[PDB]
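A.B. asks: Here is how the chains run, residue by residue.
Number of protein chains: 2
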Amino acid sequence: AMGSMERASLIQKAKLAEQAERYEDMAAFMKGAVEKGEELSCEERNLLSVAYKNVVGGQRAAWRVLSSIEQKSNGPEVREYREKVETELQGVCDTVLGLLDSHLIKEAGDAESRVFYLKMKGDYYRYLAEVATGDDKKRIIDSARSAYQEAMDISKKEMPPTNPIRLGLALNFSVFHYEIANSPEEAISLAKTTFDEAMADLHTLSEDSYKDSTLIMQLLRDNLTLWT
Amino acid sequence: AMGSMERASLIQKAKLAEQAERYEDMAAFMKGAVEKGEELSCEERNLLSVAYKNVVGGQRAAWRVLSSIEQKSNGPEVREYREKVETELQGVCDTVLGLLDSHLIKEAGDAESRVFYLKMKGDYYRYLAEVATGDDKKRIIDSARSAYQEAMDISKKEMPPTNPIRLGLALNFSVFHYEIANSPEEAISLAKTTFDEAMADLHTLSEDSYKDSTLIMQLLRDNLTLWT
Ligand SMILES: O=C(COc1ccccc1P(=O)(O)O)Nc1cc(C(F)(F)F)ccc1Cl
Ligand SMILES: O=C(COc1ccccc1P(=O)(O)O)Nc1cc(C(F)(F)F)ccc1Cl
Ligand SMILES: [Cl-]
Ligand SMILES: [Cl-]
Ligand SMILES: [Cl-]
Ligand SMILES: [Cl-]
Ligand SMILES: [Mg+2]
Ligand SMILES: [Mg+2]
Ligand SMILES: [Mg+2]
Ligand SMILES: [Mg+2]
Ligand SMILES: [Mg+2]
Ligand SMILES: [Mg+2]
Ligand SMILES: [Mg+2]
Ligand SMILES: [Mg+2]
Ligand SMILES: [Mg+2]
Ligand SMILES: [Mg+2]
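Protein chains in written order, with the numbering used here: chain A, 1 to 228; chain B, 1 to 228.
Any given hint could be a false lead.
What the hints assert, rightly or not - Derived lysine to any residue pairs resembling SDA-like cross-links, with alpha carbons at most 25 Å apart:
id, chain 1, residue 1, chain 2, residue 2
1, A, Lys-15, B, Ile-69
2, A, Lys-84, B, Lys-15
3, B, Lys-36, A, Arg-79
4, A, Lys-72, B, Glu-43
5, A, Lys-31, B, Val-65
6, B, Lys-53, A, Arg-60
7, B, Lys-36, A, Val-78
8, B, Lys-156, B, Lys-15
9, B, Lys-84, A, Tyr-23
10, B, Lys-31, A, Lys-106
11, A, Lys-106, A, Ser-49
12, A, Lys-31, A, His-103
FYI, nobody ran anything at the bench for these hints, they're computed from the structure.
Please model the complete structure; the sequences and the hints are all you need to start from.
C.D. replies: The following block contains the structure:
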């Protein structure tokens with residue numbers, strides 16, 4: 001549907017939609033931009049991530065409300081409506097995963113792009129895992145793990161320990177361990193090592209970089225406080 | 001699209017969607033319920049109102065953000081995107097107005113239903129007026145006025161001055177005077193007379209009715225403080 005709109009116009013409208021808090025529109029504009037086939041800049045990758053994080057975040061919040069009501073109930077209506085929301089959420093995750101697979105990850109050669117997109121791949125498989133059951137659940141969990149692991153391997157080789165993309169990936173992979181993989185020890189170990197290694201590298205940063213890094217370190221700290 | 005779902009199931013799902021903050025779904029469920037052709041109870045009228053108030057409220061907020069950006073700008077992109085949001089907002093108002101006209105108002109014989117639906121008709125024409133220009137704007141403004149006026153005439157004859165539906169109608173009609181009709185004196189006069197007449201009738205109310213009435217009186221007071 002965005003085929004006829006200029007790439008630059010799609011990006012401008014994504015930024016307008018963000019200002020207007022119209023995240024579904026923002027996601028559709030950014031999907032349109034990705035579908036132009038050109039690589040995305042740092043700023044554009046962030047718009048893509050913000051758009052979809054907000055759309056799926058609304059769906060996750062609703063799915064949690066409905067799943068809780070359903071669990072307390074256990075007519076077909078609560079299950080039906082939870083399934084409707086679930087299917088829409090799965091559709092959004094599949095769309096994002098589709099964009100990463102066609103062809104963002106394949107064309108991403110710099111560490112900052114490649115780690116960003118692999119982290120996104122991990123996150124959206126993780127959101128699929130949250131609603132999955134049984135064996136289905138196992139292959140989705142391993143897809144999330146695999147994407148996070150490749151992202152981590154590159155991040156550790158190519159980025160300093162205070163790099164915000166590296167920090168956010170480790171944060172999210174630790175949440176995956178705690179919430180999805182039933183590995184709270186791995187979660188705590190990862191968050192603590194990441195935090196400690198970032199602390200030791202802060203002395204190399206400017207005021208503004210220090211601010212960006214320490215903000216994410218505080219999230220690692222918040223989790224560690226929740227988990228210990 | 002809701003033709004195949006039971007009326008009772010649509011109402012149950014509207015309530016679930018409200019809990020999940022899924023207002024677009026809530027509105028679609030309630031549109032489905034209205035389209036069953038049966039009158040709506042007090043509780044169901046409130047679900048219909050809440051659903052659409054939230055959907056149009058999001059669109060109004062976005063339209064205001066974009067209109068402000070557009071005014072500061074004065075490429076085609078801001079205007080295009082403001083028009084897109086505007087058209088969607090107009091679509092929602094036209095849908096609500098359509099439900100009231102087919103056939104909620106015509107079948108509504110009790111004061112509490114008839115005033116409720118005429119107030120809604122005033123409100124949705126008012127939202128259309130907010131984005132309208134020129135002469136177009138004049139016929140829409142008079143449609144809002146006419147609906148509010150019929151609602152007021154019934155409310156004054158049939159309801160006590162503390163009735164929350166009567167109070168909310170007067171509040172909204174005063175906002176129409178202030179914001180749409182360029183009649184701030186009429187706005188202030190209406191809010192003040194409504195407030196004073198409700199005050200004098202509070203002595204007749206139970207604790208819970210007193211709470212409901214005084215909450216809306218506080219909104220009239222808030223406006224009077226804003227306007228004077
Ligand atoms: O509240 C959270 C917290 O979850 C995290 C904490 C630390 C790292 C990663 C996550 P997330 O599970 O990727 O969102 N997530 C969340 C966010 C939204 C929002 F804000 F994007 F709309 C909505 C729903 C949820 Cl669960
Ligand atoms: O903030 C307001 C205040 O406007 C009023 C104040 C007193 C009476 C009636 C109105 P309204 O213009 O019918 O919403 N309206 C508004 C509400 C939403 C919400 F909360 F429904 F999402 C969104 C946008 C607006 Cl402008
Ligand atoms: Cl459903
Ligand atoms: Cl490459
Ligand atoms: Cl547009
Ligand atoms: Cl009648
Ligand atoms: Mg071009
Ligand atoms: Mg039931
Ligand atoms: Mg399912
Ligand atoms: Mg490097
Ligand atoms: Mg231990
Ligand atoms: Mg039936
Ligand atoms: Mg331009
Ligand atoms: Mg227009
Ligand atoms: Mg009466
Ligand atoms: Mg005067």
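A.B. asks: Tell me if the straight-line CA distance from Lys-36 of chain B to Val-78 of chain A falls inside 25 Å.
C.D. replies: Status holds; Cα separation ~21 Å.
A.B. asks: Is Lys-36 of chain B close enough to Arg-79 of chain A, meaning Cα to Cα at most 25 Å?
C.D. replies: The given pair, whose Cα atoms are some 23 Å apart, holds under the 25 Å limit.
A.B. asks: Between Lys-31 of chain A and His-103 of chain A, does the CA-CA distance stay at or below 25 Å?
C.D. replies: holds (12 Å)
A.B. asks: For the pair we were handed, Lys-15 of chain A and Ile-69 of chain B, check the Cα-Cα distance against 25 Å.
C.D. replies: Given pair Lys-15 of chain A, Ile-69 of chain B holds - Cα atoms ~12 Å apart, limit 25 Å.
A.B. asks: Taking only the CA atoms, is the gap from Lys-31 of chain B to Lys-106 of chain A under or equal to 25 Å?
C.D. replies: violated (45 Å)
A.B. asks: Is the Cα-Cα distance between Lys-53 of chain B and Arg-60 of chain A 25 Å or less?
C.D. replies: Roughly 23 Å between the alpha carbons, so the hint for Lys-53 of chain B and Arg-60 of chain A holds.
A.B. asks: So if I understand the rule, the pair passes when the alpha-carbon distance is 25 Å or less; does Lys-84 of chain B with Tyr-23 of chain A pass?
C.D. replies: Distance of about 14 Å is within 25 Å: holds.
A.B. asks: Would the pair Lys-72 of chain A and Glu-43 of chain B pass a check requiring their Cα atoms to be no farther apart than 25 Å?
C.D. replies: It holds: about 24 Å lies between the C-alpha atoms, which stays within 25 Å.
A.B. asks: If you draw a straight line from the CA of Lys-106 of chain A to the CA of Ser-49 of chain A, is it 25 Å or shorter?
C.D. replies: OK: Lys-106 of chain A and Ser-49 of chain A at ~18 Å, within 25 Å.
A.B. asks: Hint check: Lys-31 of chain A vs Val-65 of chain B, CA-CA at most 25 Å. Holds or violated?
C.D. replies: Roughly 23 Å between the alpha carbons, so the hint for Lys-31 of chain A and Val-65 of chain B holds.
A.B. asks: Has the given pair, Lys-84 of chain A with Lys-15 of chain B, been kept, meaning a C-alpha gap of at most 25 Å?
C.D. replies: holds (15 Å)
A.B. asks: Verify the proposed pairing of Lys-156 of chain B with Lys-15 of chain B, using a straight-line Cα cut of 25 Å.
C.D. replies: violated (32 Å)
Violated hints for the displayed structure, listed by number in ascending order: 8 and 10.
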